[PDB]
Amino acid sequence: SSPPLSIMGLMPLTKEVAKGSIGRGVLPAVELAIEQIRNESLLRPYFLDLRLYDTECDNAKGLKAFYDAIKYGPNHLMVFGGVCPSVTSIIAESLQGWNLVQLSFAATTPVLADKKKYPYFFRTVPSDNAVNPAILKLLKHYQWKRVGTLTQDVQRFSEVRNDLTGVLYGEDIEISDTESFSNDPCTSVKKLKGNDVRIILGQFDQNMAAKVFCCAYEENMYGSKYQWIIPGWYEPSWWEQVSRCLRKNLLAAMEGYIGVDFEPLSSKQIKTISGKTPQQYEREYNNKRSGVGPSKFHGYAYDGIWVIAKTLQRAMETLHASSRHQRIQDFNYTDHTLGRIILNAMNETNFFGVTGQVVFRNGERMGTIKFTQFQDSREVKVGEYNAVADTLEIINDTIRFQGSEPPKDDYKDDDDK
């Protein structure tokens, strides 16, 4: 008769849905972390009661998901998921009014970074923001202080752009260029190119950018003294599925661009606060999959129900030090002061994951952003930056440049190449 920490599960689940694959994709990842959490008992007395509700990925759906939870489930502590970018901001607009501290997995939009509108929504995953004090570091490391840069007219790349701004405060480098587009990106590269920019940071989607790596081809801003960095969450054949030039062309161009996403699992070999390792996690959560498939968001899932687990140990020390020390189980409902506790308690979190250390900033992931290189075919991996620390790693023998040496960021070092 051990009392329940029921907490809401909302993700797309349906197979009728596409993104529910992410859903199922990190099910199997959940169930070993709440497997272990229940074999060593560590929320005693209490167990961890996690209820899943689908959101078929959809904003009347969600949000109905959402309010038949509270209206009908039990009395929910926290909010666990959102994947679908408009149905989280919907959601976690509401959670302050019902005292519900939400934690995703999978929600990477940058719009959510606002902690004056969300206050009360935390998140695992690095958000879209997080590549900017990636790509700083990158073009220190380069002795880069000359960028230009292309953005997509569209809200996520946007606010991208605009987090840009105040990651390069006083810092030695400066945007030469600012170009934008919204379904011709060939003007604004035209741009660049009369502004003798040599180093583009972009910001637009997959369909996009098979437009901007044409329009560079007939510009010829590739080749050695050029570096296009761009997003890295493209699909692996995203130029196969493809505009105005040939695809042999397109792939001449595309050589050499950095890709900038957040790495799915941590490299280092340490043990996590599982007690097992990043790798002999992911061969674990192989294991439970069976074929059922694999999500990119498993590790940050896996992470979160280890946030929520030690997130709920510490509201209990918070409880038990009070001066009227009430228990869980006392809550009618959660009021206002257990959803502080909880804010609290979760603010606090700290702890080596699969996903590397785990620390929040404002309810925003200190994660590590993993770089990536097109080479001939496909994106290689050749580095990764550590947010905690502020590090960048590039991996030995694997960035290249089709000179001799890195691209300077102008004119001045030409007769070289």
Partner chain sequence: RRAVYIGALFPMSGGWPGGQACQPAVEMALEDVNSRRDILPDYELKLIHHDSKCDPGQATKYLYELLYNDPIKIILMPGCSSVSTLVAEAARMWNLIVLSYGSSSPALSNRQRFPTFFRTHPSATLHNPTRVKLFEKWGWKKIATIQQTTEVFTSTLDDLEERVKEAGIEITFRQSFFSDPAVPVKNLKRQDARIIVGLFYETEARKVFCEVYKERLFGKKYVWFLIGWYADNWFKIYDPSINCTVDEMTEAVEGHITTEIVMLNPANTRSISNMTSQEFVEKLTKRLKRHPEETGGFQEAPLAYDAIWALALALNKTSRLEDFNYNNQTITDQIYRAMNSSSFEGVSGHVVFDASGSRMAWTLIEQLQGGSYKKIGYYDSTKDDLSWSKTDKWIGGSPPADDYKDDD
Given for the second form:
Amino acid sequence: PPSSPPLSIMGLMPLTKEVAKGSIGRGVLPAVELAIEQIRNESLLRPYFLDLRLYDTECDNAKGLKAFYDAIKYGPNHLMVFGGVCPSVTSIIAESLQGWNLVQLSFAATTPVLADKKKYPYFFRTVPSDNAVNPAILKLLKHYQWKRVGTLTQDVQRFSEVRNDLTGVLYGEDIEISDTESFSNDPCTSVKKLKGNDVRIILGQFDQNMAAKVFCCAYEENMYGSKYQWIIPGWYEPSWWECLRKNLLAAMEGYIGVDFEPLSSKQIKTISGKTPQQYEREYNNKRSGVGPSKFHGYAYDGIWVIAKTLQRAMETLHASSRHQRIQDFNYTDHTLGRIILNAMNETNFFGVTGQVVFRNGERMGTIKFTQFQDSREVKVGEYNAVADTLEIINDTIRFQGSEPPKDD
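For comparison with the form deposited without its partner chain, kindly provide the form solved in complex with its partner chain.
Only one chain is given; partner chains and other molecules are left out.
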């Protein structure tokens, strides 16, 4: 409607075909479009409409910063930021938000340091972060009665932060970290130390490149088979593995991967009135010249978070003044930024990725467990953070021995 005023949102993500991660931005845009379509058809924000503007970060620090600066200088009066996919770009934007009183919601940045509310107070994310695996691993350790573990961490911020977070999760729980090992470019010395300390259950935090080196060292040290359990990050590319390949595969057999769950397994009606299964089919029907993105559900729910936040930001009997304050926003109003921040903090609805709720800007969501079984990653379980419950899928998880390994 010509009389319907816009509620402008600064969309920041990689979109260009020139960069590999452009596929993520392009891949979530059908999910975003479906959320926007339904929100408008329902006129949930009446008499307003959600005006999402898109700016290409090109997954590059310099282009991302200029895209943000140019959106401020030349674009409409944005009320919040939606996006940030590449961690370095997301961090540059997220740390600066207070300078323009902008609340940000990311649907894809998972690195742990973004949970720091002193550095990123105005940052929120619908996707569970890398640290969210630690309460899930605790429930897995309790489930198989593993009371003694060793840790193997790559000495890089995103991994050392997950490892440091682990100590706090295991505290007051009856689990010993008998050996802590760290490496920069060669894990073999650290793997040799874990073997020497008779560690059986290994919690790994390292990148995709280092994982092949880690499993090659485990093979050389015979740190695999019925006596061992490796629990590592589950966010690596599918078929990341494809040491001789056969030897690498022998050491990898049965490793457990831990990552966020892309969509809810529950067949319950979400805020859109659609179940996650019905949403998934509509998403695959809407996307045309793009491959699917594992963050599409997080982007879809992310739009619902923004709409619900805006609806709450407008819930006052001081209606004309609140609408005028929104119309007047030009990045300098600390009060409106506070109203929006408080509204987002109250988020609590059932989304396509499960119950959407935040704890200090961090998503309380679902974690998926996979197990490597003959060159295939098989889903074996789900951990729900709100309920703090683990569900192991019957007849999936397998152990090379007659029983799961003993922690000693």
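Numbering follows the first chain given and starts at 1. C-alpha atoms forming the largest set that superposes within 1.5 Å between two forms make up the rigid core.
Core-based superposition between the two forms shows that, of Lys271, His336, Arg324, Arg283, only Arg324 has its Cα displaced by 2 Å or more.
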